[PDB]
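**Q** What follows is the residue order along each chain.
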Amino acid sequence: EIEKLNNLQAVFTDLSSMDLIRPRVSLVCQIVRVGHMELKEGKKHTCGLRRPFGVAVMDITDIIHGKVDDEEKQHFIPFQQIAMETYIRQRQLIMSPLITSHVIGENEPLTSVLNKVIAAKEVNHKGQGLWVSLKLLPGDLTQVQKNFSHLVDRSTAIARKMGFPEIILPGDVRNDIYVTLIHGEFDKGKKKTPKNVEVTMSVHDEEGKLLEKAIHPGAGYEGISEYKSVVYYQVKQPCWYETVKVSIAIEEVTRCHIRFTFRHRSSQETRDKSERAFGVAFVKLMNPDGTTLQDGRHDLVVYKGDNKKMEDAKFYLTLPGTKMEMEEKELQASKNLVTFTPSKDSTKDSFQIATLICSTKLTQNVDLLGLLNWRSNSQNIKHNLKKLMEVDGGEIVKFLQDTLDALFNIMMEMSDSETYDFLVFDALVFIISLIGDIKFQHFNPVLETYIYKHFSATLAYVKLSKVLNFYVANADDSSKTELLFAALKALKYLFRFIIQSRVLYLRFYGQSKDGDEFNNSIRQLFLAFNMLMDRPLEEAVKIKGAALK
Amino acid sequence: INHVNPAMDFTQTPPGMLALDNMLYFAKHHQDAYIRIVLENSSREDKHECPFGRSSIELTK
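Taken in order, these protein sequences are the chains called B and A. First residue of the first sequence: 270, per the entry's author numbering; consecutive thereafter. First residue of the second sequence: 362, per the entry's author numbering; consecutive thereafter.
The hints are simulated quantities; they were obtained by calculation from the structure and are not laboratory data. Hints may be right or wrong, so weigh each one.
Straight-line alpha carbon distances no greater than 30 Å define the calculated BS3-like cross-link-like pairs of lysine-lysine that follow [what the hints assert, rightly or not]:
#1 B:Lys735 / B:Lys651
#2 A:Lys389 / B:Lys385
#3 B:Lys735 / B:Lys818
#4 A:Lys389 / B:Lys342
#5 B:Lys395 / A:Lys389
#6 B:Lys655 / B:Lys630
#7 B:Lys342 / B:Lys497
#8 A:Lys408 / B:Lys342
The following label-pair restraints were derived from C-beta to C-beta distances [claimed, not checked]:
#9 A:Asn383 / B:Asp564: 53 to 61 Å
#10 B:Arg358 / A:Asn366: 39 to 47 Å
#11 A:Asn383 / B:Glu270: 36 to 44 Å
#12 B:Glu377 / A:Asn402: 47 to 55 Å
#13 B:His371 / A:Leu379: 51 to 59 Å
#14 B:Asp409 / A:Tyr395: 38 to 46 Å
#15 A:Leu379 / B:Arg358: 54 to 62 Å
#16 A:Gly414 / B:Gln414: 42 to 50 Å
From the derived model, a few chain B residues whose C-beta atoms are all more than 10 Å from chain A [unchecked claim]:
#17 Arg320
#18 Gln343
#19 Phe345
#20 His473
#21 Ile493
#22 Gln537
#23 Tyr585
#24 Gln621
#25 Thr624
#26 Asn646
#27 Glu659
#28 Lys813
#29 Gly814
Backbone N, C-alpha and C define an ideal beta-carbon position, used for all residues, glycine too.
Use the sequences and the hints to build the structure in full.
**A** Structure representation (structure tokens):
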């Protein structure tokens, strides 16, 4: 496509000086051939199949530091490539003839390749490589698509890095699902060549019907309905480091399963085309609790044998595809040998995906979705609250306002366990402490929006003033301190909540039956502060300093 | 301009041989940018092509 012959302006966003402080900084560039399986003749191979060719590497440590600003300079990337070199390396080995060996062209481990080319201090490229000048432009699409039209046009491609920002704006719209492919097991067996798997990952609705465009293996390139993968030359434990990206409607993805079929590829085109998927795997895109599958290295589950139970769409919703789920299946089978039994369709093959999805709407927090539907499962609220202050900030800030309102539902509807409400208080303290940071300073406008718009609590000010007053006055306990330390570092916003609560109550009620006692509660509140700052400060030197702060 | 008597441009000193010494020592040490020059002159066949031999003689003298 000669469209990108000349006008290649690219920008791979989500990079910061946090990414800079990585001790050594580099860019990795592997290029694969598409077409014939192998660049020789003798038989006809399938049109358009892939064997990797090599990696072009330059390090960009101070290159991205931008000390030298050079528009034209086409730094040469020495294109390390797989040594297809059997012309002189073997022809003359004399005085000891006993030689029977093979060729490692796609039998090559990728960690070795990558770390070697990093640690290989010279690559004799044989006059092979390419030409770029990597430039680092501060700001986002606004600046580069206004200021740097000479550096970034509209057609300028984009790549979205595997990073939640540090300057995290609300509505940093990311429906951006990133799934990565690394390695699997595939033994030798009958045909001692390990099976020639071409990953055919497929994205279905809830009934095994393939949808269109949902796979976007290229950032800045467009989506596909079906995916073919690159091929390694029958590695018994093949490694891919393979990476594709997908993007689905946040609702339909809730009712989507994605099936993964591994087709066997003979050398010749026709038998490659006639042979079908010897093994079919998949994964859901949710959890029965309503959460999404947790992130991280997930070894995958695949099977051989059946081909109708691996395509009956309404059934193999109910099959295993990944570890966590296969052992939950077997454990619920380990406790009951009814309706689930590990089968005899399992082959000695495997795969693994390390999933890390940077999207706003999925929720890989079991405690969070326990919180949200709490009416169903308000029992764990003990442990839910216990484990809230152990939650990552990002998942929180994703749905902070809805979680706020849920919490207010707990504290309003369930008025029984005041101590539970103490835990509620502590959790919201944790929340607001997270909010106050410069890691999430952008959501304070959202908090004001919720307050002056959706703050629907009316009883909150009374009860919470009571709670905080009990806290502050009765803080002599050292374990009770740090809770109040963080509270004192969070006074303003919770006070905002209290005030909106009171004014909403008064507009709901015209006037006050509790104004007397409420302003009293304020007065004893200040009395509690006084008594604080008149206790032996030995307990809370810093804390009472922060109090006057 | 000539490829039947290629060594005609070697009879004007300044400098004569030291240009060849220059390119020798560059071939010894700066091999990366050396072959980069060799293959970067390998795309422009219009008048933007730069004569390494003639650039060398002109510059050196």
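**Q** The structure should be examined with respect to each hint, and the outcome stated for every one.
**A** Each hint tested on the structure:
no.	hint	in the structure
1	B:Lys735 / B:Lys651	21 Å, holds
2	A:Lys389 / B:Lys385	26 Å, holds
3	B:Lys735 / B:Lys818	22 Å, holds
4	A:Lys389 / B:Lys342	23 Å, holds
5	B:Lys395 / A:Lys389	17 Å, holds
6	B:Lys655 / B:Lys630	24 Å, holds
7	B:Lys342 / B:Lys497	36 Å, violated
8	A:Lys408 / B:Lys342	21 Å, holds
9	A:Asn383 / B:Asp564: 53 to 61 Å	58 Å, holds
10	B:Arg358 / A:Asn366: 39 to 47 Å	40 Å, holds
11	A:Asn383 / B:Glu270: 36 to 44 Å	42 Å, holds
12	B:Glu377 / A:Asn402: 47 to 55 Å	34 Å, violated
13	B:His371 / A:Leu379: 51 to 59 Å	52 Å, holds
14	B:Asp409 / A:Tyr395: 38 to 46 Å	41 Å, holds
15	A:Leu379 / B:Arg358: 54 to 62 Å	40 Å, violated
16	A:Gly414 / B:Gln414: 42 to 50 Å	46 Å, holds
17	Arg320	26 Å, holds
18	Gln343	8 Å, violated
19	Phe345	5 Å, violated
20	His473	48 Å, holds
21	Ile493	34 Å, holds
22	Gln537	38 Å, holds
23	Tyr585	54 Å, holds
24	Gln621	39 Å, holds
25	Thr624	41 Å, holds
26	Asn646	65 Å, holds
27	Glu659	53 Å, holds
28	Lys813	66 Å, holds
29	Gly814	61 Å, holds
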